[PDB]
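J.: Construct the complete structure from the given sequences, taking the supplied hints into account.
Single-letter residue listing:
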Amino acid sequence: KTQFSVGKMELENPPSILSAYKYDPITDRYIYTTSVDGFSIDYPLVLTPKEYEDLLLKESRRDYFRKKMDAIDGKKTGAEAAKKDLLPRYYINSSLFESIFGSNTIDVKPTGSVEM
Amino acid sequence: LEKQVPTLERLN
Amino acid sequence: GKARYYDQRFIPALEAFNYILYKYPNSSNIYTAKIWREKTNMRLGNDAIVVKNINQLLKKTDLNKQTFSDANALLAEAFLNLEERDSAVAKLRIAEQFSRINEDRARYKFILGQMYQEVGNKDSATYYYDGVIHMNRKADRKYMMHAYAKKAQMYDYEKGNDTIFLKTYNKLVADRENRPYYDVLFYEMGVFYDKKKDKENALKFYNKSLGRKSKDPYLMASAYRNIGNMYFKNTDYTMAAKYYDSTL
Amino acid sequence: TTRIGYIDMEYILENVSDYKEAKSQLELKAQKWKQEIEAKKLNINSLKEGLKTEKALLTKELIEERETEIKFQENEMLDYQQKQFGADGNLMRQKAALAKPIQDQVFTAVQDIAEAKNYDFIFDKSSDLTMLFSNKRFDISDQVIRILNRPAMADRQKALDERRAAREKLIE
Amino acid sequence: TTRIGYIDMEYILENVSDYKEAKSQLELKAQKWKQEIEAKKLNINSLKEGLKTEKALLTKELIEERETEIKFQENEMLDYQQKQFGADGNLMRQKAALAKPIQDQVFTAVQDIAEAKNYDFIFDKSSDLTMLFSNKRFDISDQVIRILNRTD
Amino acid sequence: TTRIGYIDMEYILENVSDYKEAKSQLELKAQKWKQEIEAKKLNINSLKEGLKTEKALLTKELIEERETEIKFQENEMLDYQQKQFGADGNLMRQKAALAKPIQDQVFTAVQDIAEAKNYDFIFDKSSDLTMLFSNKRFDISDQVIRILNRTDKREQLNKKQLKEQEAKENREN
Ligand SMILES: *[C@H]1O[C@H](CO)[C@@H](O)[C@H](O)[C@@H]1O
Ligand SMILES: *[C@H]1O[C@H](CO)[C@@H](O)[C@H](O)[C@@H]1O
Ligand SMILES: *[C@H]1O[C@H](CO)[C@@H](O)[C@H](O)[C@@H]1O
Ligand SMILES: *[C@H]1O[C@H](CO)[C@@H](O)[C@H](O)[C@@H]1O
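Line order of the protein sequences matches chains V, L, Z, X, F and S. Counting in PDB author numbering, the first sequence runs from 30 upward without gaps. Counting in PDB author numbering, the second sequence runs from 747 upward without gaps. Counting in PDB author numbering, the third sequence runs from 126 upward without gaps. Residue numbers 24 to 173, 202 to 223, in PDB author numbering, belong to the letters of the fourth sequence in order. Counting in PDB author numbering, the fifth sequence runs from 24 upward without gaps. Counting in PDB author numbering, the sixth sequence runs from 24 upward without gaps.
Since the hints were derived computationally from the structure, they do not count as laboratory data. Backbone N, C-alpha and C fix where the C-beta goes; we use that ideal spot for every residue, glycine too. There may be inaccurate statements among the hints.
[To be verified] In silico contact screen, one side only, chain F against chain X (beta carbon under 10 Å); selected entries:
id: 1; residue: 76
id: 2; residue: 152
id: 3; residue: 155
id: 4; residue: 161
[Unchecked claim] Stretch by stretch, here's where chain S covers chain Z in the computed footprint (C-beta under 8 Å, at least three residues):
id: 5; stretch: 149 to 160
id: 6; stretch: 165 to 171
id: 7; stretch: 330 to 339
T.: See the structure below:
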């Protein structure tokens, strides 16, 4: 035994609970709101430009890296589509690899008769 | 008119 | 990278070109990779960076004539995106001068004529349209026919000679090799007769252009709208309404 | 003496049916709450329309009393919404209750593998911290999934030896 | 040869000071502010409905002043919301004043421990999403707590 | 034992000149868009003032047409503002797409560095706050920056240099 310090895993919000950023041009702000049907579930988070921009850039960089390595790995149910935009250095696909013959099937068959 | 026909129907 | 670029997938194309520039220093395609990276950046909306890098590369490279023309065409496109008409004109002039492909040369001369016509310099626009005409069968006939159309657009209606214009465009429109562009010519002739206050001939040539079945929707719409305007200005509002319904 | 592995919890949870079942149950509960809130909204709108249809007939005291009743109903709706979908209650609790069994199974498998392979830390590749490089032999996602769902010459020589042993044993 | 430790920021924060009670009070105040915002939204909606009900009886001039009053109320609610819940101010400023001195002290103590004991990496386990499992033997939070408690 | 390296993506993006220049150009484009929005606002205000000045001399129908035109202009301005500066507008999308080629180059360089030097893990230190203290000995950000500058300022070898390189690399056989 090593007495691990266990973290946690949690479910995400159901699709009926929207969570989005809205741009208010009256005050030129970006407000993050998590609402089910217009009712703010938590406190709204209003940020300035260059405050929303930094977080958006950080999350976009993280998502880009995550999608790239998900495509590289391949076992994520959607990486096959993203493998096209990958550098071929990072993966090998068998659709363009062939054996000495195109398949392993044998189909040479005889027809006719033989008499003794 | 059609908004006040119901209260016309409503009585007592 | 080239296949991704022509598939309009610019981020992976840039990745391929950057990998060429990163992994193969001893390659002989370094300059081609640099130019292709720059045009990919231009497609991504980085025209200032493109101008800077291409100017840096062209400073001391003495590269091949065709790649020099390609780099200058890229510079012209980047300057167009930056809204610098003079720089774009100069770069496109160099690209057309150093180009070896006849189709590209005709396209560049046509675009130079278009630029000068947009600015209003009818002398230089006429020069470049005539240069396209002088390339008679070395390029697609669309460039020559539309150069004739744009030369008709820049006609001088105050001092110009109507007889020479009419004879030239009648010779053009009575030619078998010009059939796929008859509409484009016919419309122009109608416009000419529209601006000389000759409603009969203008209507006749607009009808010819319409009967040519342009297959370009805006040419058909323009002919219908021009006939509608001719009828509207003649206090004939029923036919004007009919032709407006036609162009809608 | 300090080994680090990674889990990639997204891929692991993609291979657990209980995760999809829990997501469906959470969606069903959310839909039930939304339907109840919609019923309350319908009642409040009916009250508002009833007040509107007589706003030009009765005196100010009755109008004010009905408006206070409508405000009380709206406050009751707000309290119900804060109780159901709010920051603490009936959604956080439901999410925790639904995720507790899946967390138990997944973390039991991960702990078993970590103790077996003597890992000191087990990071998550799908978390906010991004690893641009991973050694790919410290990835224990496949072993966790298997637990939850339950030198060519040397290889050739081993295969030949196994074939010989199997053929010898089968006939006798 | 690579030495790795970790800390639990929440555990240290709760141990060194009364962080939990102040955080709960701040959460209650934030919930009160959110409910006030919802009440303002309800009042604005009621005013809009009342204006919509009475339009024929108006001269389009009192309609204009009622619309300006509604817009003023909406802007007042919006600026109140920005002031209370902005990325800097009255919630983030209060949370910062609550947790910033202790966070800086913990950072300084962590740097001192890392320099003294030649640590290579010190990870923060407080997120609980990354760092799913930790050996708890490479845990230096009691040292951080004792260093913090040494200072008055 | 495991060898851990890390980069700082914000630091790398700060030490790339082309990225900074592109960001400045994007800010200039955003300023131009804001000026266009201001021009639209000025036109809308002029229309509103014109309607208000002569509102008594117009019939109900004409007032309705002028008000509909003003509403159409206001809706067009709102649509332009949301399309250019929205949460997923042109400005934000173009800002997010600036670093993608740099991210590709950084990823490739990190793979190559981790292959060269026996690194088991390479983290992005700026992705989250998990990495509290990181020894600067394991920061490969400056190496990545050197690689990025090297590929940015690449130069084609001359014919003599190419022949020398071929002779050198062909010496194994
Ligand atoms: C491009 O070039 C033109 C003339 O060559 C300049 O006027 C312009 O400012 C830009 O540098
Ligand atoms: C374009 O070209 C014409 C003929 O070369 C000039 O006259 C004109 O000024 C412009 O440079
Ligand atoms: C063009 O010029 C000819 C003579 O050159 C005229 O006959 C004609 O009417 C038009 O003016
Ligand atoms: C509009 O009107 C013109 C008038 O001839 C028609 O040709 C056209 O088909 C459309 O009805």
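J.: Compare the structure with each hint and give your call.
T.: Hints versus structure:
no.: 1; hint: 76; result: holds, 6 Å
no.: 2; hint: 152; result: holds, 5 Å
no.: 3; hint: 155; result: holds, 5 Å
no.: 4; hint: 161; result: holds, 7 Å
no.: 5; hint: 149 to 160; result: holds (count 7)
no.: 6; hint: 165 to 171; result: holds (count 3)
no.: 7; hint: 330 to 339; result: violated (count 0)
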